[PDB]
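J.: One letter stands for each residue in the lines below.
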Amino acid sequence: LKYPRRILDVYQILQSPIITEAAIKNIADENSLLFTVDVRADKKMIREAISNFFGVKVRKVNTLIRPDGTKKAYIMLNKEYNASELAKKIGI
Amino acid sequence: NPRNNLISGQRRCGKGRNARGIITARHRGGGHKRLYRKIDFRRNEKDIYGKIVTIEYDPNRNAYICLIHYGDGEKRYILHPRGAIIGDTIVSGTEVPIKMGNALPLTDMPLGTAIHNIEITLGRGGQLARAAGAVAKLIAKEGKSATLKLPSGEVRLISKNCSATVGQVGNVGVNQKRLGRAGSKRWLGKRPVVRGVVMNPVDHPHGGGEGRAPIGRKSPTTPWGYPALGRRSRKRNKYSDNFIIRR
Amino acid sequence: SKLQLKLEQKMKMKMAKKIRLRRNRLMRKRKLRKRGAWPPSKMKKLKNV
Amino acid sequence: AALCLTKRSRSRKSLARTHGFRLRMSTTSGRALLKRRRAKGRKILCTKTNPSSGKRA
RNA sequence: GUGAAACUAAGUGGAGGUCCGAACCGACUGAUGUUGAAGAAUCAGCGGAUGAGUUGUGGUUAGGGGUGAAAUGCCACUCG
RNA sequence: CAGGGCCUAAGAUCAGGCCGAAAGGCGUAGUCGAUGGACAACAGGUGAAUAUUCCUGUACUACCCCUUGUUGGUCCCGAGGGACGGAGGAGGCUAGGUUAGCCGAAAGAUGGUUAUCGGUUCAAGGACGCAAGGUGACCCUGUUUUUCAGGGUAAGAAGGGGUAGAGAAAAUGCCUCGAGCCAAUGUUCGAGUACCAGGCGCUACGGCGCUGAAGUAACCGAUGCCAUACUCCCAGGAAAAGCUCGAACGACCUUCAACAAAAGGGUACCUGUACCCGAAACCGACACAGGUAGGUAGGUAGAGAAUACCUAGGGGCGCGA
RNA sequence: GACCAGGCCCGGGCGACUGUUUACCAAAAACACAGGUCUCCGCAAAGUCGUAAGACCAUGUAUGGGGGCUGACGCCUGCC
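The listed protein sequences derive, respectively, from chains U, C, 6 and 3.
The letter at position 29 of the first sequence is residue 130 when you use the entry's author numbering, and the numbering goes up by one with no holes.
The letter at position 134 of the second sequence is residue 156 when you use the entry's author numbering, and the numbering goes up by one with no holes.
The letter at position 13 of the third sequence is residue 106 when you use the entry's author numbering, and the numbering goes up by one with no holes.
The letter at position 8 of the fourth sequence is residue 98 when you use the entry's author numbering, and the numbering goes up by one with no holes.
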């Protein structure tokens, strides 16, 4: 059997995007975009929940904790997909 | 050849002194790591020869030890006696002739011989007379005992079927190796001992007052109250194997 | 026949030579990370001190 | 020399091995201390650290 | 230099609980400071500074006790 | 990169086991426990707050797929190794420094003068390889034995290899082949359509935009490397895993399954990352003339990390007159 | 020529010496020391902590492990 490290309610593993101006800097400059996830999350569970719900090959998943408690995730997509054409569809 | 894979490695840490942590064997601490040497006291390979290749300094002992090989593939360490020619051959066994360096049970030998490593009963590793010059002689034997004069001026009839490594154990010249550097006592892991006059009455019974205090008590005592001169500390009925104390 | 054996032992000498020099240079890099003096940007900026 | 100051910059890992919740729950005495802490009403019955993260504030 | 010893120039060597002196450790004298800048320090010198050294980290001994190169010293500015 | 997914030291907890009014004490296997052992990334740029983490270049680890062989393989077990002291000084070099050469600019209202002012940079890694350094065994000849000139040995190095005993590996004993070996440093690629002095065009006058020369040699010389290299001494200098080798016994799975490689692609586990850290943010109740492990160690005069003045960088000590 | 950078000699008392000691009034002539001597201890040792199991001693074995006193070195250490 292929167990994950922790079973963590995968339709709630992502919470909200970040709409700061530096996030748009990461879109136009990095082909990346910014999500807010819960602390109980992975570079294997978030990375699977982007290539399925969105339909995009994700390059890397750079995560960090934020001292108010919640977790911040810079997800960088592949070169084949612009983050600007996939972020205006959501509302960025 | 150092790192023999016979130095045996893990020990209890240095010259320890902790039972529950309380100082219970006083004046200990300091020095090197002093990694011990697991030597072969009870020779479990009888009637096979073995040469002598190295006289290594054991820091745990007062004497030296030596590395002995075999005709088969093994390596041991034993206490080398006085007269260990390099390359000389030692062999344990029951009928092996007497040579300075080999071992044999206490029966098949004459009386009046220099032996260091003897056993007090069967099966043990090695107990008596194994210091840096400790030599035990034999007075004549008996039915199942053997009167043995061990190096205290003390005789003892003993079980006759005990292993014994015949020879006078070497490194005698530590009788005169002076510690005149005066802090070389601390290199052995031996802290300085304080004296009973210059302590307080809460610590030692000879805690004094003004000046160099005289000893005050009727007898010079230990720091736990027992008289420290002449009072024999020995249970009255243990063995009755010793013939005369002779001391 | 013997010179080919000397080339096989020489090839063992090259393989073990590259492995031992690789382990030695990586352990030197770890000895210089552990002291806190490895990266040449942090030394080249501190050439003046 | 230093001053007659007692607490210093010791790691909170070693302060949590001594005064933390594990050595406080490894004895009958320490869990009796937690009977008195929970019986009084203290919001912080130990002074600890965390092996993962620092503080959620 | 005698058949070998005993002993000595001369190099080589780098031992020391060696010497001078920085970091570092410690606190001998003096002045200041005494509602002090500081519940023990500043300034000028001072002792050790390859050792019986100093220090970090993780530990150990807990009060009819521990520990003490021994002062009733220290054990959270508290210790007969 | 630093810890955990690896390992153990001091020490702690200790299944069973012994003991003890209770609580618990002792103690073995086992398991935790870094201050240690093992393991793979450097340079330039970006940037109100992040950089070995983001972008670009070159890399390296650990598995899978793609091609050749093998029928056994993994673990436990047997072994090597990991694996270790202090002091000492001499070499071979790098890091830095100075000078010279080269390139660009310069008239700095003074008597003269360009003698002046700035650059002269590049890492990890991949390949090739080491001497006038150390090591390589014995004897004679020449020299201060020594650096070298010359002859002989069949073992006399780093290393491999056969056997013999209950002997797979190992260890021990015997025999044989090998004159070389070791490692910093080094040349090239990385590496220039980078960086850089300068000038060229606007200032929100805070900087951006285009173009761009030389980018070498020698003397010093490290407290850094070789280097756990040698010499000396006693006070004699951790452990386990990773790694490598291997028979029997023991547990499981077996053919397109397992194992070992050769190029080429794919994949990349959690926590810490700000800021202060010779301190106004830590510890001294203070924005306190005090304390706090470790790393980098520029110029001149000096033996020097003291001292005096200064480059970089940072301040003018939070009451003044 | 600045900063920096030994004052020395002649006697005596004590402690041989380098060190350690009362954090915050005493650094000493005090403690320790190398050395000496007495005394206990034959290993299921003595001694120490614990009602006990047991642990240090010690994975050491009288050239070793406790304990008392004195304190290098030189001459000795009398009588009861």
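These are calculated hints, taken from the structure and not from any lab test.
Cβ atoms here follow ideal geometry from the backbone N, Cα and C, with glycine treated the same way.
There may be inaccurate statements among the hints.
To be verified - Between beta-carbon pairs, the in silico distance windows are: (1) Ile191 (chain U) <-> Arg113 (chain 6): 33 to 41 Å; (2) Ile237 (chain C) <-> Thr139 (chain 3): 33 to 41 Å; (3) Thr139 (chain 3) <-> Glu186 (chain U): 31 to 39 Å; (4) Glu67 (chain C) <-> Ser99 (chain 3): 25 to 33 Å; (5) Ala109 (chain 6) <-> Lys161 (chain U): 33 to 41 Å; (6) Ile44 (chain C) <-> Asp139 (chain U): 48 to 56 Å; (7) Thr46 (chain C) <-> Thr137 (chain 3): 28 to 36 Å; (8) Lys135 (chain 6) <-> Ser101 (chain 3): 24 to 32 Å.
J.: Does the structure break any of the earlier hints, and which numbers would those be?
T.: 1, 2, 3 and 4
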